[PDB]
Amino acid sequence: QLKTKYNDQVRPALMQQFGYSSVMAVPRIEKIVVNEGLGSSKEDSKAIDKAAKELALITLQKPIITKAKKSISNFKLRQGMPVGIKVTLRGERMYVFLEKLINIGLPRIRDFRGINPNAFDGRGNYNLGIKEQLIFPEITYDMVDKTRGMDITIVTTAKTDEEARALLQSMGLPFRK
Amino acid sequence: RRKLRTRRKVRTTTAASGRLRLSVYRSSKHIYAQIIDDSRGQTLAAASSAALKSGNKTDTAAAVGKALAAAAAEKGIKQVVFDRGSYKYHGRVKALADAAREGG
Amino acid sequence: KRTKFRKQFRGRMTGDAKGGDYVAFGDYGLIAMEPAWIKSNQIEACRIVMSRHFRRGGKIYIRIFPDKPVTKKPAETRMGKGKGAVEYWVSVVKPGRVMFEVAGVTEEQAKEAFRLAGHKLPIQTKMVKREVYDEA
Amino acid sequence: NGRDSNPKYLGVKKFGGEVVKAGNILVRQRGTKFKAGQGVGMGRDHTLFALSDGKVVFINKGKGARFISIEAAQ
Amino acid sequence: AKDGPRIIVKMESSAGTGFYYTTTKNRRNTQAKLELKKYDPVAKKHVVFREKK
Amino acid sequence: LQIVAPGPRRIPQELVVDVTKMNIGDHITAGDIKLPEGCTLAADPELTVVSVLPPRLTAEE
RNA sequence: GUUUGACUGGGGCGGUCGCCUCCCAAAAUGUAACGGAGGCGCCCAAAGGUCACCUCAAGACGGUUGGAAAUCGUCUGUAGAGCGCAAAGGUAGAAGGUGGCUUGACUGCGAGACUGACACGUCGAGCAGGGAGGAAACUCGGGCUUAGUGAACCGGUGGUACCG
RNA sequence: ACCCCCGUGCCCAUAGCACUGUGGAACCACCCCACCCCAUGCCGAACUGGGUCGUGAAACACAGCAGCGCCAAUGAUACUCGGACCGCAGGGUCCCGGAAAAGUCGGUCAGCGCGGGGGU
Ligand SMILES: [Mg+2]
Ligand SMILES: [Mg+2]
Ligand SMILES: [Mg+2]
Ligand SMILES: [Mg+2]
Ligand SMILES: [Mg+2]
Ligand SMILES: [Mg+2]
Ligand SMILES: [Mg+2]
Ligand SMILES: [Mg+2]
Ligand SMILES: [Mg+2]
Ligand SMILES: [Mg+2]
Ligand SMILES: [Mg+2]
Ligand SMILES: [Mg+2]
Ligand SMILES: [Mg+2]
Ligand SMILES: [Mg+2]
Ligand SMILES: [Mg+2]
Ligand SMILES: [Mg+2]
Ligand SMILES: [Mg+2]
Ligand SMILES: [Mg+2]
Ligand SMILES: [Mg+2]
Ligand SMILES: [Mg+2]
Ligand SMILES: [Mg+2]
Ligand SMILES: [Mg+2]
Ligand SMILES: [Mg+2]
Ligand SMILES: [Mg+2]
Ligand SMILES: [Mg+2]
Ligand SMILES: [Mg+2]
Ligand SMILES: [Mg+2]
Ligand SMILES: [Mg+2]
Ligand SMILES: [Mg+2]
Ligand SMILES: [Mg+2]
Ligand SMILES: [Mg+2]
Ligand SMILES: [Mg+2]
Ligand SMILES: [Mg+2]
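Respectively, the protein sequence lines represent chains A, B, C, D, E and F. With the UniProt record's numbering as the guide, the letters of the first sequence map in order to residues 3 to 179. With the UniProt record's numbering as the guide, the letters of the second sequence map in order to residues 8 to 111. With the UniProt record's numbering as the guide, the letters of the third sequence map in order to residues 5 to 140. With the UniProt record's numbering as the guide, the letters of the fourth sequence map in order to residues 12 to 85. With the UniProt record's numbering as the guide, the letters of the fifth sequence map in order to residues 2 to 54. With the UniProt record's numbering as the guide, the letters of the sixth sequence map in order to residues 120 to 180.
Just so you know, not all the hints are guaranteed correct.
[Said to hold, decoys possible] Restricting the straight-line Cα-Cα distance to at most 25 Å, the calculated cross-link-like pairs of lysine-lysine (PhoX-like) are:
#1 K10(B) <-> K74(D)
#2 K16(B) <-> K46(D)
#3 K10(B) <-> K25(D)
#4 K63(C) <-> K140(F)
#5 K10(B) <-> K44(D)
#6 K10(B) <-> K19(D)
#7 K44(D) <-> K16(B)
#8 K19(D) <-> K16(B)
Derived by calculation from the structure, the hints in this document are not laboratory data.
Based on the sequences and whatever the hints tell you, model everything.
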């Protein structure tokens, strides 16, 4: 269930190279944020509950349905009822999912060279380039409604984008080559 | 967030009560509970987990709660008082209350 | 000239010129000596007048501008309310305020081009040069 | 149009330096304009009133720092 | 205070009997679930009976 | 231009700017202006000082 | 046999009568015009009581049938938001956003004051009978306040038991 | 008494921000794990609870610094109570005290307590 792999080798690699005042000054990962917008799904009272089971069965953590705020949007925004779903993964439950995806889920994408290496968050944080929802191991074309996808954000303690992609090594870090 | 405390500290209208203020402050596994004169710019009777390790398990607040209770009762001065902070009730903080309240 | 959406109405009062400078945006400029209203036209004709005497060049600057709406009798009497929304728009100017300014033309060049625009103006005026330099 | 309505009478009833009784009204204003200080209460309509007889005094620096308070005499 | 065919209503209270009244304004807007509340009559205190009609 | 410094014996009583280089649409900015003896620019370097304005043009009726 | 309103830069036609907010209003309050703008004749059994926690608008970067606008992420963020409605005041230690439990949107009074020619109208400490939330100091006799109203007469219903 | 730390006031930006330098077994903080107390309308991130090592990184604390903010004179002016006036009018003047806003000269990166822990 990992968490050992972050320990030892990941830390000194950047610490014995670029240097750090501490093992605490070493870049970390606080939380993996997973949110699937259901806005494209107008099913609402019918099938909105289905996407909750999708995210709950994969991360073993119940999703919280987000809300409208009702906005305007000039085409569709209304009141209220959910408009999307949300789950935050931190600690070992982040480390159960994160390891599960990089070893298993990521190779399941067709012609996968890895996510865009260009600057994501100058503050050091990182996203996921997930397009399809079917690419995940638990999801298959066997059981689905339609073809959709969800977004995932890696929240890291990296102080720089330079040191961001640096920590982002180890864990399954493909590139543009 | 840092308005957690200042929601409570202002929640008690101080000199309008006629009472005194008892500030319990937790940082480490140690707690310092001190009682302050609101009207005047001063404090009255201190306590601490500092010279302590009375109990091993925090809930050693029982001692410092009773320590204040006794240290204050020498000055007289027992009504209600009782400030609090960003910290909730029950648990470790109520081990302090019942050590003072009913213990003082 | 007449502008986009507003508060729509006004009364009247008069002080002395507040936000008009001595100089700006050019060598020579025009300054009003009497408290008054200037309309959407007038200054519109003043631009046309001045520019006609130039090469048509875009060297002219108009610091003034109509804001204040004025009203009029629909037909007559006192029957009914206050009325007359669009009658004309005016711009109040107070003495010492600088009205127009020109660029790059010579001395007599802008002397005569101010003089032509001197008429068409309800007030007496005098042109100028720069000594006081204020930008902040 | 012609539809404006009523006077509403909001003011500062007892100005600083004055000797209030118990129950007198110190200020009538709209929402918060003056904050109730020592010895001063506040009602539904806001509108500070006197909790204890004595001398009324005004305290402010800036903003919403305005305060009305009482103190006794003897 | 004015009354018509419309939504909400004026509804009286129960028997705190005592044969007693309260009558707060009410509404059928939320629900027709009726109602019961707590009040005090001549007899005792807090005898809590049901909104009538 | 406000500039500054150093000697107020030698103060820059004027500023010489050569315009023969520029023709039409050319905006000469404040970083192009010559200020000897280390007189730091008061305003932004890219602020426009001299710009030659194009000939009067019209098309539609 | 009678009725058939007034205002009104003559009367009529048209419009207008009560209530709340801003301007006029001349830095106290008050102040008119067939002056300049806009709203009310409700809603809320929870939008109330209390008890806890929560913090907004907007932009930039990066992200998935989702692009002006979505949902997520980080950064900025004295408020540029919100407060059921109309504006002004007011609000970040919140009145605004969320839950726990609730019936004080109580009976009996009412120190002393705001305001009115009157009649109305507004605020209110505190006392008792009883409760409600809290561990507690405490708060609660509707709502951020300011509109959501009708003297008396005559009468319907439930009490009460004074007259008879 | 002095240095300093933790708490808590008064003041209620001349005490605020960013750039930044010191600080670490004494104090703060993160960190550590948590089936249950307790608790996140998802996540113990937040509350909460069990405790070291580590770390001085983050947050905090103090010293630095006057680029930004915030305070900001004296001079003069605007306006004006009162007095006395010119213009057909828009408007304007004289005397008399009162006297701003902005701007410049500058001034700053605070002050003042109560209690307890730790060095000298
Ligand atoms: Mg006038
Ligand atoms: Mg100016
Ligand atoms: Mg009024
Ligand atoms: Mg101040
Ligand atoms: Mg008539
Ligand atoms: Mg008529
Ligand atoms: Mg008549
Ligand atoms: Mg009309
Ligand atoms: Mg007035
Ligand atoms: Mg007046
Ligand atoms: Mg009159
Ligand atoms: Mg009128
Ligand atoms: Mg008018
Ligand atoms: Mg609140
Ligand atoms: Mg209880
Ligand atoms: Mg009461
Ligand atoms: Mg009867
Ligand atoms: Mg401290
Ligand atoms: Mg040491
Ligand atoms: Mg943790
Ligand atoms: Mg820092
Ligand atoms: Mg002076
Ligand atoms: Mg003058
Ligand atoms: Mg005079
Ligand atoms: Mg005369
Ligand atoms: Mg004058
Ligand atoms: Mg005088
Ligand atoms: Mg004078
Ligand atoms: Mg003076
Ligand atoms: Mg000034
Ligand atoms: Mg300066
Ligand atoms: Mg400093
Ligand atoms: Mg000390």
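Tested hints:
1. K10(B) <-> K74(D): holds (20 Å)
2. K16(B) <-> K46(D): Holds, at roughly 18 Å.
3. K10(B) <-> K25(D): Not satisfied, since the Cα-Cα distance of roughly 35 Å exceeds 25 Å.
4. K63(C) <-> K140(F): OK: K63(C) and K140(F) at ~22 Å, within 25 Å.
5. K10(B) <-> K44(D): holds (23 Å)
6. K10(B) <-> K19(D): Judged against 25 Å, a Cα distance of about 37 Å means the pair is violated.
7. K44(D) <-> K16(B): Cα-Cα ~23 Å, so holds.
8. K19(D) <-> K16(B): violated (37 Å)
Consistency note: the structure conflicts with the earlier hints numbered 3, 6, 8.
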